[PDB]
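First comes one chain, alone, set out as structure tokens in the form solved without the named molecule.
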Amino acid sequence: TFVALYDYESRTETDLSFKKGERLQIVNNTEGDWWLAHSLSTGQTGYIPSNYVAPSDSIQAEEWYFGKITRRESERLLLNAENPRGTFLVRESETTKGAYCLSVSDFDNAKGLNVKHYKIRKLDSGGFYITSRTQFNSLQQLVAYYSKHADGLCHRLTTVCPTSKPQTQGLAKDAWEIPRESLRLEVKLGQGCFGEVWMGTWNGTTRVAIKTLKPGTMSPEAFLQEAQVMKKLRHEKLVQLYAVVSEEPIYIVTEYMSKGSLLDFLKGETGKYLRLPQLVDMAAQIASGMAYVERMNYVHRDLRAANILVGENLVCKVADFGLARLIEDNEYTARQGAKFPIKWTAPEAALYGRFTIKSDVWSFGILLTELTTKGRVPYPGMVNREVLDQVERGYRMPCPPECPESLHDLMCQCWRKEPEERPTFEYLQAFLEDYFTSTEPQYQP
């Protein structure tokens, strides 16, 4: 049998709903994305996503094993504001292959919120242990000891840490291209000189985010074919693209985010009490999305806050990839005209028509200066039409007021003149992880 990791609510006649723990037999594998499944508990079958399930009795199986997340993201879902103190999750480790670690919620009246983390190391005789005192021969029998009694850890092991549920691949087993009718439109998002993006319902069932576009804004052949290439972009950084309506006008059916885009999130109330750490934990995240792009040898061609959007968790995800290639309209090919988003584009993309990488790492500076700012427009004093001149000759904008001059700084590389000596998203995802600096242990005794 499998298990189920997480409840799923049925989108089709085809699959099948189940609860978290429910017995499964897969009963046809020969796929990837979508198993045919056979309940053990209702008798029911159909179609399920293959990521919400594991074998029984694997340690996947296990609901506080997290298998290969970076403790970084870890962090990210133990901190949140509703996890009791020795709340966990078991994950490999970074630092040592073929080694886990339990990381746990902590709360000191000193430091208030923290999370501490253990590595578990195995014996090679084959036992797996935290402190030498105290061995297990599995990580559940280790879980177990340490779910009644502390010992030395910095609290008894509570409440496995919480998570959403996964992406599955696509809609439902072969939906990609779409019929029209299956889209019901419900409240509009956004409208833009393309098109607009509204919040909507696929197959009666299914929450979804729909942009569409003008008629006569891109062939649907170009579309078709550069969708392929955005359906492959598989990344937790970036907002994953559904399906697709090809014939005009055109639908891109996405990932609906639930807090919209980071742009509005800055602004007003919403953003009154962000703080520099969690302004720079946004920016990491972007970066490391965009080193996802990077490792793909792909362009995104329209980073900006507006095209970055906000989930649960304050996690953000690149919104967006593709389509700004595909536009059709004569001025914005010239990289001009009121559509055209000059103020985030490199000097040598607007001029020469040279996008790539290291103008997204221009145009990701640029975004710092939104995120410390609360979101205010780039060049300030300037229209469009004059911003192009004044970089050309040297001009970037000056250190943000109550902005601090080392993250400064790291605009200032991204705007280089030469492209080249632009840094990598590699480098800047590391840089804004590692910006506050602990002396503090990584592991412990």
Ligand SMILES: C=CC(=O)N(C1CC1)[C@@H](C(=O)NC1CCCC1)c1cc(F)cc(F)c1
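Between two forms, the rigid core is defined as the largest C-alpha subset superposing within 1.5 Å. Residue numbers count along the first chain shown, from 1. What changes on going to the form deposited with the named molecule bound:
In a rigid core superposition between these two forms, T205 is the single residue of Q225, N114, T205, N80 whose Cα is displaced by 2 Å or more. Relative to the superposed core, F66 undergoes a C-alpha shift smaller than 2 Å between these two forms. The two forms, fitted on the rigid core, differ between these two forms by less than 2 Å at the CA of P400. Core-superposed comparison between these two forms: CA of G126 displaced by 2 Å or more.
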The other form holds:
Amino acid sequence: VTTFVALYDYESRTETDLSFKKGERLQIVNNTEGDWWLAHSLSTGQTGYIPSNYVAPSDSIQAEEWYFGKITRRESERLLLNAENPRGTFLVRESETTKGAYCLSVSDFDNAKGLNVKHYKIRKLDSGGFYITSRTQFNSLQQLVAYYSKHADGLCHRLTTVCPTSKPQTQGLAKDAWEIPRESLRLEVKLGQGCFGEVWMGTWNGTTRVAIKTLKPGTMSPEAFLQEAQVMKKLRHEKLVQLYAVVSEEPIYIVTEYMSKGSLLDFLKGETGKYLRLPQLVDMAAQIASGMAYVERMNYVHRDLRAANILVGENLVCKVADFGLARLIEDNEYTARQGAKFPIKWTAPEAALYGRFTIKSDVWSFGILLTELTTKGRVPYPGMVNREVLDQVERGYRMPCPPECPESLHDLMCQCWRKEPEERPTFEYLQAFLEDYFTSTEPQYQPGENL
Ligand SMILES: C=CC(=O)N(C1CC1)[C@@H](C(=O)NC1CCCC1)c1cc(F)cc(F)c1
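Would you mind giving the form deposited with the named molecule bound, to go alongside the form solved without the named molecule above?
What follows is the entire complex, opening with the chain shown before.
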């Protein structure tokens, strides 16, 4: 057995789990898998279950504050470019492209490019040591990071601030927490009204901040929902709002990861919103596409993808919410894809006409969402009304490229609107197309040739 070190405070919720503060020494049995592990605190003496993502071995590279694991290139830039981060804010991560190399990412400022991240490959020596340039080597990553925190010696900037992060969200409210009773949940601020319920900020067991969706009675069966949520429960992805739990007594409450800065449509309208440029819009659309790509890999269907059901967080993280919920609603109008409650303008016509909701109808929607993203939230088909959008779409019509949308993107929307589902692109493609939309020249990594 290995002592692990805590990387974040975790305020004990239930009986059976453990409170600990960042730094505590915890004892666990090596070969454990799963999301919740059994720990004995050699610090506190207390014992319980802990979320496995909140610890790392003692004295291993992972243990360090600045070590961000196998986070992605595109997402490290998200965290580093936070505008409160001084120059020299850094992190260390695993390289996505060179088998076992690590990579040091560092914020800098440049007259041409503004504030930008510079990525340095760190290769491991025959000695187990580490080097950014052959000229300057160490026996460990920690020595390396120490040294460049004192002089840039080649680096764009001396390392100053460990990259600031947030506590990850655990995977579940605690071990064995799926269905919970109303009284564990406290509704504090109500956040908005839907067509079939409300959305709330709240707290579970007086500790964890949660979102709480409350369903209007008669909307779905609590039976149908629960059997559905055995599926949703399994969809874990960093761009899907995580489904924590549920109260299966009418009225259904659905407990979800709190998203701090609200719906995407809201956020696009209104300030912090009126001034985003395309490369951040396109980075948002790529985040949604990575969420939907996982949905795609899991043979699932969202059924109401659009900006109103994307939530936004810190640093413009975007996440897909309320997936596969819309199927279970019983409102004989809505289910007919009729009425004031049905997003006809985002609905692929085969869904509108034949209930044929599939991952490809979700690709249609995604194309509409791209117009929402390039208009800062303007309604789609602006001159039309809903009652008329079906005929017009079945008769061949499509949206002209919004003013101020690069035609390369608009032609992507047009693949999303191709008449025959099976010739619309996949989400894998939509994801790769957008994480690579802007092509610079060679400086992928800084050449450590000699610095
Ligand atoms: C009528 C417009 C609307 O807001 N919808 C309707 C589907 C269009 C909301 C909705 O009512 N949400 C309420 C239930 C819990 C919180 C508030 C909705 C969005 C989805 F992504 C999936 C759903 F199943 C439902």
